[PDB]
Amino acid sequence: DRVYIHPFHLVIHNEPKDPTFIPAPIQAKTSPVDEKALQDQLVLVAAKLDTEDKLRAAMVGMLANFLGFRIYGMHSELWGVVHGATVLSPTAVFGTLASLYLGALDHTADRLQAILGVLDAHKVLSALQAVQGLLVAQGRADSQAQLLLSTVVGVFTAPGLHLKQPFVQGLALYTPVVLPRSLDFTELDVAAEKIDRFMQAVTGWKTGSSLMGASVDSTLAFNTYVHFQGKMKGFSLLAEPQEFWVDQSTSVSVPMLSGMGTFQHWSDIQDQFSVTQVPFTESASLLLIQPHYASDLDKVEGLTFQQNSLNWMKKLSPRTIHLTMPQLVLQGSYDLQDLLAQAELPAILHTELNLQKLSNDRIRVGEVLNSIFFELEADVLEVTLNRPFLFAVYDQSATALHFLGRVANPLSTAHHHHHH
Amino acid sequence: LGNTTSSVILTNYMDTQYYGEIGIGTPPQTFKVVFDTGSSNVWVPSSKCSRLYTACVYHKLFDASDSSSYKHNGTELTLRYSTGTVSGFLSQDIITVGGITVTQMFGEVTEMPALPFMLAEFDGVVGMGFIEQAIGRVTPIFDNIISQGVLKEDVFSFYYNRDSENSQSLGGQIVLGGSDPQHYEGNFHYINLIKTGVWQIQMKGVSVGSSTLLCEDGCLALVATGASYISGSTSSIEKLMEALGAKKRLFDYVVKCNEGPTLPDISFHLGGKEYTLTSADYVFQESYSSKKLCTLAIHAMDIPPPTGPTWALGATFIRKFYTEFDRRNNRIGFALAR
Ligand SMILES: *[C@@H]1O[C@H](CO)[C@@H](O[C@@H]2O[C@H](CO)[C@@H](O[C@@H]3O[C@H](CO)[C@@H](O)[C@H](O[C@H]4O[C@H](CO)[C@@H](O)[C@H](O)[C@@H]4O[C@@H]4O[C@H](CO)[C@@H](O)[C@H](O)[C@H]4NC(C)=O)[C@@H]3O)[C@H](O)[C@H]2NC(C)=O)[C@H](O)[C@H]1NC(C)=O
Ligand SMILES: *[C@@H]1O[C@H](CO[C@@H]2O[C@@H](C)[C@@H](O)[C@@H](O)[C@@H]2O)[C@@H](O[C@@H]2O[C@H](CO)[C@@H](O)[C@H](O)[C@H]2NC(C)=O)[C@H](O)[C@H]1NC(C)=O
């Protein structure tokens, strides 16, 4: 119904200079990012998409899912759940590597091209903007914004590093808001403070740079900051909070969103987990995976996200459900560079890398930060998420997973910005 | 002298991927493979495939070093499909297909695009076509099996089952050396190939209802067991879907699920005989609701010359009609599957 089944066809066809600039110092006064204006900008992009654009958008949606499941698996294997929650954005992770691909030449370009799983960076980045447009354009018939998705890209450069203008203008095809700033890397702990301070000013989001544990010769940080706000259709904030059981000996009282209606459901008895689809809009929904026994979460993740497939939402069927779950306000980050460096991969963002279309000057990548601010908000079989669960945000119209998540502890904490 | 037939049991995934097992090497390394009459190359993912390729990491890889019968070749091989391309190098080893062991040249694939192969339950492809179609003019596996002279007849046949019609039972069956009368009723209607080198026959016309909408002056029909759907030219399929009242929804052609069961019969005129599919044969009736859209098991594939332009009769057709591919008499036999 909501998942694409590909019909296979195995018949063989058998067929002068770049302007540069030193970015403005990070200390310099910048006006806050207008989130409402950025949403409006994406909604117009959506409204001007032809059917061929929507096909190319759906293809990068599927490409992003495959890479997203893989890199989620790497996070889960190497670090597990870091102090309560893991939130990864398949689309953002794909966008980060597509953005670096635009600046890459030769071996670095070939390796990035391979892991993205597909030549024209401009077309890929444009398609990825369309995917985000197709999401936020939904629920705009009424004056309420059911879906908000803001992306801000920070490009922090050492003194003497000149960004090429075509690269920066190229990133705008995907992310309109790109903030290149010059930043001193001689003291990495001071460099991290300045980035976090600058990003606090322009967005108001709680961020934590990993730049302390970088190379002392680092000249470049490429940080992606995402804010998602999702209002679940027919859900209200219960006045009285309820206990969330982190383990058999630990509970935390948290505010709970409660809604009753017809939601798609499937209780798998063999693999031992229940799936529930709570819609935001017509095409966009929140998927909620719940182990039948709380100790099986790793096993359930192994049979769902780790399979790198959407077969676990194939058998979904309508059902009358009363859904109670925590009002999620998750702010966390991880270093993509560090994750890839510690995973079972060849080197991509090592010292010998080629990003000469980014700059002619020496590039040493200190971090590639992916930071997510994830918010669920308000407007018989009882499904109660008062024990650890997995979640995902899926849009049918672009066959696109926007977010994958594991919640062991629903509480907000600065330790979601802890880096190994 | 040769009196042996061999039966390979196939797994049916979503009525789109009918795959069995083959062994490569000594001892055998097992791979899930689709058996395609539309192509002639054998290929599986290689251990030498970079970990960067997600599609390699999530499929079985062939390790040449763990095979005592492996013989090096290393000649580059590029297999170009509609959207994506797989590439690698030729290797020789003993392949176990059915209960028959045969020394075979196959592709070790070192480059796999995520799309479409991350949607593939199968690892590799076994080409059941002619050497004329084989990239790098590599001897196809069925030619090398005929050379052994162990088969009762120089024929192989295909049974594909409906995914809904049967649950927790036989997905499909390939027979090497004959046909299994348990899976077809009556006798085979045989049709001669236009020319050897392709499993392609003449088609007199394609009828929607009683009227002949398409292929009025005659056209070509490739029988491609590895193709999920029935495919035609973009030109032909746009006309067919106009006549059915089907609309394009992203990649799929869809109708409202309630209108599905009243869609007209589609008839393919082959060897002066009508091969008819009802709406139940080419519509995936997931629902019968007037609010839900149901997918048609038909799409557009513009196959280039010299093989195309041509229709391709895939699993949608074979599910209805048990098909026997006869290399001795260069003909195709069709009979009602049961
Ligand atoms: C999949 O796709 C690949 C890549 O495109 C194809 O590979 C190509 O196949 C071509 C064959 O169609 C190859 O073309 C040949 O290249 C030869 C040089 O390497 C050349 O000798 C050939 O030229 C003769 O044949 C042509 C007919 O196609 C004539 O136009 C031409 O005049 C030549 O004719 C001969 O002339 C000499 C002397 O003048 C005479 O003595 C002969 O008697 C003449 N013979 C004939 C028959 O007229 C030709 O250009 C091409 O090299 C190759 N490309 C690569 C990169 O390898 C695959 O075929 C294709 N496979 C499938 C299964 O589809
Ligand atoms: C890779 O193999 C091809 C094909 O080899 C032939 O078929 C194999 C199945 C096996 O039975 C071999 O013994 C056969 O020779 C080689 O291509 C052949 O090259 C020779 C030149 O020496 C030529 O006479 C043949 O006509 C060629 N055959 C074809 C189909 O092109 C090729 O040389 C091998 N490559 C390497 C590096 O070993």
The other form holds:
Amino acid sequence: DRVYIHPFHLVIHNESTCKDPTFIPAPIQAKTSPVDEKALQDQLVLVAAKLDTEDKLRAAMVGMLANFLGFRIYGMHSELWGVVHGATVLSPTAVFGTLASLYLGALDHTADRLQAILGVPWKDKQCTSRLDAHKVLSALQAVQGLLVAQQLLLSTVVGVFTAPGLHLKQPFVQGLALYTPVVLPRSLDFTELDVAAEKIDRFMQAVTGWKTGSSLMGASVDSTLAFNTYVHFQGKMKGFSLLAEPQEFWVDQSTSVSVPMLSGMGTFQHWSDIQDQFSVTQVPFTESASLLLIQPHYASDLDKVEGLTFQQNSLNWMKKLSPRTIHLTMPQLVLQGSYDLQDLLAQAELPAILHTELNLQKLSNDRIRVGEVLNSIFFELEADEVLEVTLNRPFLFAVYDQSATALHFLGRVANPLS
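Next, report the structure of the form solved without the partner chain; the form deposited with the partner chain bound has already been given.
What comes next is one chain alone, with no partners or other molecules.
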């Protein structure tokens, strides 16, 4: 039958769609080849170039769902950036994919309560009403390719670290492959969290080359699973050059810091909301991919303007933009941060879903006790009459792809270096 309770008809099971091999992941110290990002990129544009009409529509639908979940997380936090360690950056698509990956191996209420957080309700307990995890995970990889299909590099890596002797069901890892080709299941002993974390740090650093440095803070010794998602972004600025001399960045009224600055001159979409007092600048990476820069007219209104950024009307002022001849000067961004979804979605009772009456039996029939659910981000901006736009004070930024209507990152820059 036709769906009415929600317009997300392409993410649920259809009529047709709606004794398992296992294995121990090799020990983490087992030498593994590094990630060939260049090869990964080619696979992602291929995925996007050969999409069917329906799959292309489902990709935009997931990007829209990921945006809504991001807006929810901000509304349920008195202080959002106290949970994030390192750079204050957030990836709605990665958070949505991490939960969709947990929902892949969930059952019964655990799967329903996860489907609720993802933002798709049900009017009954029919199989059809539930989410099709395969279609969701496959659609996320589509928006990854739709971003780099057109200067841009996006690499998503998943690390499933299990306890020694824990059997992971083959079909589960086979489902994660729909999300990203780079799935890294490895077995790790959780009886020494201090060294167990150091094994992951060097393992991920050797495999990827990116530092993450997560010491398994929220994890305990009885834990048996560490589901981590690592994303790396690298964007080239159209016609921007790195200035040899730094400039001052005012973290507050009293103190400033010298920082490397990017300078560029081009016709950019711009808008200044007078009532709320903030300006929005758009620097395109491609035609459908661009960088949104939100600067409050006065630094004291940062938290306020951010409240208007993390909402659905933020996408309404993509129309209010207008072409302008602008000379933009902003800091060089090489950011690294991380955050646990259990802390992000604490007010949504995610820690209660992952620790009480847990049912991840499609992931593994062995007993599971979540140590951490991590999102590690490595964000980079690189170089190649008039309204001067200078970001010499805290500001907000966002990356948006029109092809999939997806917000890949939402960040805050209070200090370019830390």
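Just so we're on the same page, rigid core means the largest C-alpha set that superposes within 1.5 Å between forms. Numbering follows the first chain given and starts at 1.
Q: Superposing on the core, which single option in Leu323, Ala130, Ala85, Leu100 has a CA shift of 2 Å or more between these two forms?
A: Just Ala85.
Q: For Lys164, decide whether the Cα shift between these two forms is 2 Å or greater, given a superposition on the rigid core.
A: No: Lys164 shifts by under 2 Å between these two forms.
Q: My question is whether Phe280 is one of the residues whose C-alpha shifts by 2 Å or more between these two forms, given a fit on the rigid core.
A: Comparing the forms between these two forms, which are aligned on their rigid core, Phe280 does not shift its C-alpha by 2 Å or more.
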